[PDB]
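Quick setup: one chain, the form solved without the named molecule, written in structure tokens, and binding and motion questions come after.
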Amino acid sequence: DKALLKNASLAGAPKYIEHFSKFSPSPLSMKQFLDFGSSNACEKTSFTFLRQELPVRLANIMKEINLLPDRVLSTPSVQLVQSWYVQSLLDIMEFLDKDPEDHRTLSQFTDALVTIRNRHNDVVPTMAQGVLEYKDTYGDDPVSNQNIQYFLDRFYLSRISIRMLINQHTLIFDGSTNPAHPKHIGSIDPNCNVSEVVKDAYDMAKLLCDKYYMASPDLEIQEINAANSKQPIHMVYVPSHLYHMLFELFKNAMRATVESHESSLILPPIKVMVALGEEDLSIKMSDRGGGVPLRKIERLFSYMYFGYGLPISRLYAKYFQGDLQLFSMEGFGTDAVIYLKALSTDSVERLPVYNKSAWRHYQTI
């Protein structure tokens, strides 16, 4: 039953998890990411920051996994994800006393982060496998599902924040001292063409749709640059984040469109509008897929119904102070909207708030 958990205690994991969970994550601004990848920033500064910050981020969400209901925590797949987090925490602990001045320390660190990044590739579908194990062994009682939903939103946001920190280090400090003008600052494109990412997400969605259905709706894109009419819309953002969101929304829109036109020769196209206002960058994906009743929208956002594309797409949106909302018209079609900050100064990491007291203070006149 409990071999992975035994192996973890014998490793001293709890000592370290208890230690690092006593501290709060440090949220970084988009500006801080940009500047910490400008030349003036150092591999040593990043090393000394990430060898404290990663373990704190890892320890906090590890503490929180161990607060799940025992019916889920004892699922093989959850125990497995927990073992990957122990290994990764331990991996970074090797670096606590090592010398920043030593070029071999910095090199080994970067390789450890890449190993960690690769270790955690399958985390999402594995945690989903654990939730299915719980669902298909116990009930579908609506109290335990708002519990799992709460934890999973935190876990997956935590995970996005950790891969971001690792991606910035590995991509910026990939071995040698490199030439002048990098197109990206790590994973951040400071001149991200939103429509190019829409087309990318569509291209891959259309490929998959064409494999499994043999039809796929076409794409129409309109841009609205309010301030500068008809200038192509750029922003500072992480294209892979925007792509993850758009990919999932394209898959759902295409599924609904194809499944609601079994007998049609024309498929209604998927319409995407990109609007840039003073404060918001807004991306509407409109389909004529026959829509969902208002009562079942909540379900689309639930891990208990992978299925995890929409919930996790929302988490990516929320991570840099955005949102993702979905409005359907049963009998007609569905509108999905990504809301992003137009300004890079308005973009700070939104991280789960940890170490809140279980004791609630009472309030008077």
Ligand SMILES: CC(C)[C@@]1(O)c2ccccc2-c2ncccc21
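Each form is matched to the other, and the largest set of C-alpha atoms that superpose within 1.5 Å is called the rigid core. Residue numbers count along the first chain shown, from 1. Compared with the form deposited with the named molecule bound:
- With the core fitted between these two forms, just one of 115, 74, 108, 147 shows a Cα displacement of at least 2 Å, namely 74.
- If you fit the rigid core between these two forms, you'll see the Cα of residue 235 move by less than 2 angstroms.
- Once the rigid core is used as the reference frame, the Cα position of residue 275 differs between these two forms by less than 2 Å.
- Residue 209 shows a C-alpha shift of 2 Å or greater between these two forms [criterion: core-superposed Cα displacement of 2 Å].
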Second form
There are 2 protein chains.
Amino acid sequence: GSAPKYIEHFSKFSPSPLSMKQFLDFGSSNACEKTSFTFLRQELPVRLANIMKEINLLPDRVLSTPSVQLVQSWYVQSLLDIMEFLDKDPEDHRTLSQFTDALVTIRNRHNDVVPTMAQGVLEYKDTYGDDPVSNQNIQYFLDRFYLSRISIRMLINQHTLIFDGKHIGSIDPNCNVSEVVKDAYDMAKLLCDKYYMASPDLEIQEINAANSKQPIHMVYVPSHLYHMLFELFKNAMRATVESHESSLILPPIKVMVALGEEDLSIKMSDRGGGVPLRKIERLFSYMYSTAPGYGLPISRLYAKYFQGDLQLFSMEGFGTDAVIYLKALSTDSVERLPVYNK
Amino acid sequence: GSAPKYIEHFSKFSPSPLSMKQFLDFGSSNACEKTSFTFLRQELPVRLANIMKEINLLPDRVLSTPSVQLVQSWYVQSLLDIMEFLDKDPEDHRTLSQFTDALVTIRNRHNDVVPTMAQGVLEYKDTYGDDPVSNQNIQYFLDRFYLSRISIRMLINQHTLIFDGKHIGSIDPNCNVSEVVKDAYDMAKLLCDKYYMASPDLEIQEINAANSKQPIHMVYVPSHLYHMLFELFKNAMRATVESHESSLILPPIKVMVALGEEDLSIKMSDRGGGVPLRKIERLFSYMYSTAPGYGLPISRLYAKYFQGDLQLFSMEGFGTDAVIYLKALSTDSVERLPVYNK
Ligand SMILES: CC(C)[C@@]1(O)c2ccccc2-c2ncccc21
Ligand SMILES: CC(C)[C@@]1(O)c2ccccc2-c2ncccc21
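For comparison with the form solved without the named molecule, produce the structure of the form deposited with the named molecule bound.
Then the entire complex follows, led off by the chain already shown.
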């Protein structure tokens, strides 16, 4: 066919990173489905081909594994689905309707990528070993692959949710940070009560530096923020409950939401006994956190996706602090995308 | 002369990193000045030549500057001072006495290296600019150069303090961490009261996981721990006082000392308004923290010298946490030394 042909062509284009303000203004009242179709039918192949060409640069030891080939076949098929709309007339309403239906099929086709790549990592460790040189290659590639996957899913979610026939797609222009914190806590508390028959309480403190009274709002994607907070709440609850099985007092989980002139920071403090520094630095490694699991590495990619970060600093024998760093301003929240270079 | 000859010879040897337990046991009752002389007359040239050969690999743009040449002339002279004792008889007490006097002269000859390298960094920025590529080369070299300098000064201090004619040289086998914290605080409070006419209070909390009652002691070099804590106290006081000039309540500085099964962690928490994440990552850069200053970068090297670390995580609009990570066990406290490789 022409799959290698399409990859080489669109990989020469660099992806166009969009800011949070561009996502908001494009999806507002002046939202034209035709304009979004013209942009996405070009930008989606560019992002697909860039990561698909980097997959080809992997060694044949990994490229010929069933896990990588299965995922690579999904990207080939999804790329071909977009190719059909290149010559189609954007002025035809049937063209726009079929394009939205085709994006949903691609989205559901890539729904089982996280467990599949986890099987690939386990296969590599049992086939070639777990050397620090291999960990860097796997960490470097999986970070770029997943971040690419997040960005593509973002574009698809914004198109299918807006043009379905307050919230701008998956974006809340007035996202109350504390409310998302409570939701992720409540879900983690539900799971923690069913399995441990006990759960720590929650304490939330807001620090709005410029407006001490005003609640802290931001423009963000609540799903991404929930995923990070839910993952951090599960870890902090597991550590708190297990480190106090012989004790009676169950320390609460303290969360501070701070809004500065540039950052919106969310610190989650637990007293779950802490973790030695040697092990903290390996909690974000796909290879080291795989056993015959990727909550922290993926959660950090969600934060980094809009120029943020997620950092851990523990104190062995006491507890652990987890901090989500987000950009406060929508103009500073720009997509971080991997680009194929030589 | 034969200065390039000695450099090429001893640079082929790798430095021998010593653990904290080796420092303690060698300097104990079975401390033989002859054995320390035989080791140091070989190990000191090896460490000198390794960093001196890496200095030669610098570009001639930096190698020909007066700052680098002045420091390089100190290392050439100090290397030649040790060469005189290679053929001397260790069984002669006059040989051991002159060797100790020669180490003191070398130690005082290298007393003005930090301000000299600071002048070199400022000269480079005004001569060739402050590009991110140049920052990595300067950061990579200065970290290794200073860490090498710390290790050499450590060996000299242990020899001159022990064989001068409870503490094992510069090492306290029962170093009370909280007491060093109070000393660094008291000195910072003295300077802060004279310049700001106000200073925050101190709060210390110890978490001894294995022995909740016992005070937290360790085997460490109190001078190094004081230098790190004093630097962090100055920053936390400056930020706290200045961020509350229009306010009346002056938040205290909270310090937690946690002793785990592997780590001894010291967290210093202030409410000095915090720093955006973008600027935190540049506080450890020699090039970015230079103006027409190196407290944090050098303090981190002291921590890393015995397999520890010093990390910052702030929250803009609230405050900053600073954490010193140290190895709890003396067997895990091994010298981290840069080695000249190809
Ligand atoms: C921001 C893009 C992902 C988007 O595809 C989009 C999604 C949803 C709503 C509108 C628009 C849009 N408008 C113009 C150009 C490009 C686009
Ligand atoms: C640990 C070394 C720096 C040292 O030079 C030393 C310093 C002080 C006291 C004793 C000894 C010693 N003893 C044996 C071998 C080597 C040495």
